[PDB]
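Every protein chain of the complex appears in place save one, which is left out.
Note that the chains take the letters A, B, C, D and E in the order they are written out, and that residue 1 is the start of every chain.
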Amino acid sequence: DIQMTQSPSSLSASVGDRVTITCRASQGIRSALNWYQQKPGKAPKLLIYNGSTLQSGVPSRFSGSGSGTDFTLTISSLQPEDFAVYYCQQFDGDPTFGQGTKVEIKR
Amino acid sequence: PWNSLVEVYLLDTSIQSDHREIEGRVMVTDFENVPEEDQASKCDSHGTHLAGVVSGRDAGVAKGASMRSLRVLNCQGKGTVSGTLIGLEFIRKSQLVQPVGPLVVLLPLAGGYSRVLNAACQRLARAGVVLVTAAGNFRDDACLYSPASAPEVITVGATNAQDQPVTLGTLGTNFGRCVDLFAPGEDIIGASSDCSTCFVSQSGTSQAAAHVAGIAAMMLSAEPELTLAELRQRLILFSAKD
Amino acid sequence: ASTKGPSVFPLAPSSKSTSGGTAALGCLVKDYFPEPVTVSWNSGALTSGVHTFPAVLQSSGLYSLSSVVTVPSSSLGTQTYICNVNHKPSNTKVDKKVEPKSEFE
Amino acid sequence: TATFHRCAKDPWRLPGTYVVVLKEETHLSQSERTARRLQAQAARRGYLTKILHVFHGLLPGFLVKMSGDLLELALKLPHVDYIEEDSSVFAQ
Amino acid sequence: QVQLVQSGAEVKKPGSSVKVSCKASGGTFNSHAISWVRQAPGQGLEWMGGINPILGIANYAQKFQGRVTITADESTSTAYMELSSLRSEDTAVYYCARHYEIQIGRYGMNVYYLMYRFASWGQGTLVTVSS
Partner (left out) sequence: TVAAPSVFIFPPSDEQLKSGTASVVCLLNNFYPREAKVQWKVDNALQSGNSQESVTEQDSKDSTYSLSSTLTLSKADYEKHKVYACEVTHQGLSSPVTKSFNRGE
């Protein structure tokens, strides 16, 4: 359908870091991109829809940017509970997901 | 929702080939012949919808199905007899060069009675092409319109949910001896080009025609050797359960 | 595979599993189907230093996992160690004591 | 014998572009000759004719953009069956 | 207190079929557009299809066309996902998630936009396929 390429697979960071995950579409999708967080054994959780707007009740440390083809999710100041897997998904579309990014604790 | 390789040709506006219902199954040919522009539907909304009815993955009549798009209508849905003729000619050329057998052509348009349009249709029918057209939306006698008035083109009028003639603006489906059959043409669900996961409900004799084209395409898969007269006797009998 | 309960084998502490003042011991939860299985230590009162691993799927079609814990070697002869294994799909509950040999000093 | 036709619905008429439709068995080479004859015959009078398209395998004839002034002339061309003024078609 | 609750874990022999349910609960309305999205263990996310009760049709993912049928019981606020010709590769957690059919038509028209914004899941159902 449309393919989504996510970068990188893996990340190491400490609380207080600014982390940026990046996600790329095989074609233009205006800003029809969603970001999810997933923790072990739970369903994904919606953080950001339409590229840049925050889902209901999600902390403002999370922000999305991007248009056309290249997109970015930024966590501005990483908290202990932000260590998880993140997925991008396009809904332009017929929905399709990135293959994930694991945010791990630096050490 | 109330309503062996064959090739379905559509002559219409441009189409949104990426739409989820038709992407990968609708070959956009590069034929384009349209007049300069002379209000709220998109420039490719009419054809994307009709490609949808007919061949759409989940909303279509012939969920398959193989389609080829030729552009004979501009953004305002306006074409010319001449541009249509050249499009018809493009089809004939590709019939001769790259066959195959069974060929369906959908003509979701109408103009005034045209001797030359009706002739091109006749010539193409002689080669064994299935031609399916709208009867037109003028609450009028279809014999006054082309390609609707052509015998040897399958002319389709529109019925609604209660199997009655469809009412359109202050007009509605055409009628009379020139109409070979009726088919569903009210609030037909199919691909909207507003977005590639959008669906739209549309009314008209285009829709009814698209439906008949879809059924003609499936019948021709199962039995690719039906003669036009056989196909027509089958479609007439099919449109009955009363 | 067909639904099946696991066998629980001891991963006995020894020479060998000892380092500094620490000794590693555990359980081998073997040959069960399907997922999941839960493992805990001393009915819950032992969580510090516990590692319960993801299962692996074997060529046989059955699943196998291990759960280990590190403790002071000083406590080996005195303190008791039981891994509580639950395979809810098969209604298999097993409490396995894990003993060293000798163990002496 | 050569006859002239336009769309019955006035506003749908597209004067200035015409389908010259030739007699039944006219070959593609005879069609090109007729169009060329039209063109030369019109130039001789100070009129541009643009031959937009020559119809091959669907009917014999050609498509020409020219002043309506030359219609009387074009009907006298060899092989002409009838000429039709172009007209509008609409999405239905 | 608005939630989607799925039927429990299954185990199936290769070549058979599974039917997993998804019940909507705790809102004034509970008849919703529902998607199914699967995740094989250790892998990522994969959309299978959706049922759209206003539009009255399902949309299936190309990779699953012919194997999934997705229905909805009109009486019980419950949507079903039935996958057949199971193979080992179908071992996954199957999630349901709600999407939307937004009326975006003007004049109107009558345009239903299927917006795949997965705000609400779906606890997951583990389906294991093994001989």
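Note that a contact is a pair of C-beta atoms (placed from the backbone, for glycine too) under 8 Å apart; a residue touches a chain by one contact, two chains touch by 3 or more.
Novice: Among the options C:1, C:28 or C:83, which residue touches the chain absent from this view?
Specialist: The one listed residue touching the chain not shown is C:28.
Novice: Which candidate, C:11, C:46, C:82 or C:94, sits in contact with the chain we can't see?
Specialist: If we include the chain that is not displayed, C:11 is the one touching it.
Novice: Can you name the residues of chain A that touch the chain not displayed here?
Specialist: Touching the missing chain: residues 12, 40, 83, 104-105, 107.
Novice: What chain C residues would touch the chain not displayed?
Specialist: Here the touching residues of chain C are 7, 9-12, 16-17, 19, 22, 24, 26, 28, 30, 51-56, 58, 64-66, 68, 70.
Definition applied: only the chains that are shown with their structure count from here on.
Novice: Count the touching C-beta pairs: is B-E or C-E ahead?
Specialist: Per the contact counts, B-E leads.
Novice: So what's the Cα centroid distance for chain A and chain E, whole Å?
Specialist: Whole-Å distance between the two chain centres: 23.
Novice: Chain E: which residues touch two or more other chains?
Specialist: Only 59, 62, 115-116 qualify.
Novice: Chain C: which residues touch two or more other chains?
Specialist: If we look for residues of chain C contacting two or more partner chains, we find none.
Novice: Taking the touch rule as given, give the residues of chain E at its contact with chain C in the complex, in rising order.
Specialist: Contact set of chain E toward chain C: 9, 11, 126, 128, 130-131.
Novice: Tell me, which parts of chain B touch chain E in their complex?
Specialist: 1, 20, 24, 40, 57-59, 187, 189, 192, 194-195, 197-201
Novice: Enumerate the contact residues on chain D facing chain B in the complex.
Specialist: Residues of chain D touching chain B: 5, 7-9, 12, 14, 17, 19, 21, 52-53, 55-59, 61, 63, 82, 84, 86-92.
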